[PDB]
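There are 2 protein chains.
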Amino acid sequence: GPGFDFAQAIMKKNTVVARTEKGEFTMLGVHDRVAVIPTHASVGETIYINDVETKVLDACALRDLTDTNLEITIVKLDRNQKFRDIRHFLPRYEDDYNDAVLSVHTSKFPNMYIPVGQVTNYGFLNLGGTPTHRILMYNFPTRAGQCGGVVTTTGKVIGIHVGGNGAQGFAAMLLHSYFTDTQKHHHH
Amino acid sequence: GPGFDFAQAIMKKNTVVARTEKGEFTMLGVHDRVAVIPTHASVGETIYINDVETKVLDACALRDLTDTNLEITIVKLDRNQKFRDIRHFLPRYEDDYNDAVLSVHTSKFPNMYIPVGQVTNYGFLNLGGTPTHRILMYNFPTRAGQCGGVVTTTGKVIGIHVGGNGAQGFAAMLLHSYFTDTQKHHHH
Ligand SMILES: *[C@@H](CC(=O)OCC)[C@H](C[C@@H]1CCNC1=O)NC(=O)[C@H](Cc1ccccc1)NC(=O)OC(C)(C)C
Ligand SMILES: *[C@@H](CC(=O)OCC)[C@H](C[C@@H]1CCNC1=O)NC(=O)[C@H](Cc1ccccc1)NC(=O)OC(C)(C)C
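Heads up: the sequence lines are chains B and H, in that order.
The first sequence runs 8 to 195 under the working numbering.
The second sequence runs 8 to 195 under the working numbering.
You may find that some hints are simply not true.
Repeated chains share a single entry, so a pair holds when one copy, or any two copies, can fit it.
[To be verified] With a cut-off of at most 30 angstroms between alpha-carbon atoms, the simulated DSS-like pairs for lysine-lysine come out as follows:
#1 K163 with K19
#2 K19 with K115
#3 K191 with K62
#4 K29 with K115
#5 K191 with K115
#6 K163 with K20
#7 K29 with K83
#8 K83 with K19
#9 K115 with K163
#10 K191 with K83
#11 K83 with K115
#12 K191 with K19
#13 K115 with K20
Hints in this document: simulated from the structure, not taken from any laboratory.
Make a model of the complete structure from these sequences and hints.
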């Protein structure tokens, strides 16, 4: 079946409820004090984390080399506790997957698992006026409230939920290389 | 962990979306064409089952010997397909349980699993003006939309969700003896 044990270990040790001006979102912590959230959450210089207001020390809105939105935002947070390092569970490349689980941690749904089935490397998606690349698609009627939700298969964290059309769900792909300790770049 | 495989086999072979004048509800089919739904769904002489209008051949609103509401309604339906017989998974007696799962099958949520943790034999609950007996309680903030949702542990179907106060969830207890092939009683 789907890897419910796996999805549940990600949820407990690595998610938080994040609230911006836009609303609440499942937030996945990746390593240290670094986490991800969908770009359309519109992150400021502070954010609510499990209702505790938190300084956002850095926010990178990923775009690709064609200058197109990837809908992932990597955030560095001022918190005391470190996230368990889950980088080794990030896929190295674009891929297609079987039998995924979508997990949500919000106020409304502090803990919920949805098998979404087969996931496909979709590519381009118009996220309502915003061209976006590198999308994963599942055939499941996903809802508002589910954004930020973490998509797993066993041993792999593959994306975070970002959209849906009433019949399909869409996640922003997560790749390992988004998070390697890197470069000397003026980025703002 | 919680028995997610078990909860998922119940959902696939034994639930349906049921819609009355009151709205949509997860519906658990128990055996043959017999199913259950919360009494406050207010079942008529027809019901929507997976959007297909269906004759309700019989509806028994269980009450106990003190003439108090149990919040379970057993319905016999005019459908072609039989439910897999799951009576052998009904607990024989009142009990307390560990690590339960609450599963929902509605239009809004065709498939969703919520670990609710430890479940306790609660007893009396005022269901908003309706004294009700034989309630199970879990510490989980359950929501409208979840009524009818099936509460399992591994190998046991124990109740169907019927209420919640913002902090706890409440299920109507299911017992094996509710469904044994029985008696010669004028019941309406
Ligand atoms: C999650 C975002 C949300 O909850 O809105 C807060 C402002 C949305 C999930 C979608 C909504 C309906 N089903 C479903 O799975 N995502 C969206 O609505 C995106 C836009 C967005 C993404 C992330 C944060 C904020 C806003 N838009 C979208 O899905 O558009 C279509 C319908 C074209 C794909
Ligand atoms: C499910 C019923 C529903 O969806 O309403 C349709 C008319 C409700 C689940 C509750 C609601 C808020 N959280 C939660 O877990 N159940 C109720 O609202 C019951 C009444 C009811 C039960 C079943 C069918 C119809 C109506 N009432 C209730 O929970 O009251 C308190 C708050 C006192 C326990």
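Now the hints, each set against the structure:
1. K163 with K19: Classified as both: same-chain Cα gap 16 angstroms, cross-chain 25 angstroms, threshold 30 angstroms.
2. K19 with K115: both (16 angstroms within a copy, 25 angstroms between copies)
3. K191 with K62: within (23 angstroms within a copy, 70 angstroms between copies)
4. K29 with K115: both (15 angstroms within a copy, 22 angstroms between copies)
5. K191 with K115: neither (41 angstroms within a copy, 47 angstroms between copies)
6. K163 with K20: both (15 angstroms within a copy, 28 angstroms between copies)
7. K29 with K83: within (19 angstroms within a copy, 46 angstroms between copies)
8. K83 with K19: Within one copy only: 20 angstroms inside, 41 angstroms across.
9. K115 with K163: both (26 angstroms within a copy, 27 angstroms between copies)
10. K191 with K83: This pair counts as within: shortest intra-copy Cα distance 17 angstroms, inter-copy 70 angstroms.
11. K83 with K115: within (25 angstroms within a copy, 34 angstroms between copies)
12. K191 with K19: Neither: 34 angstroms inside a copy, 53 angstroms across copies.
13. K115 with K20: Both: 19 angstroms inside a chain and 28 angstroms across chains, each within 30 angstroms.
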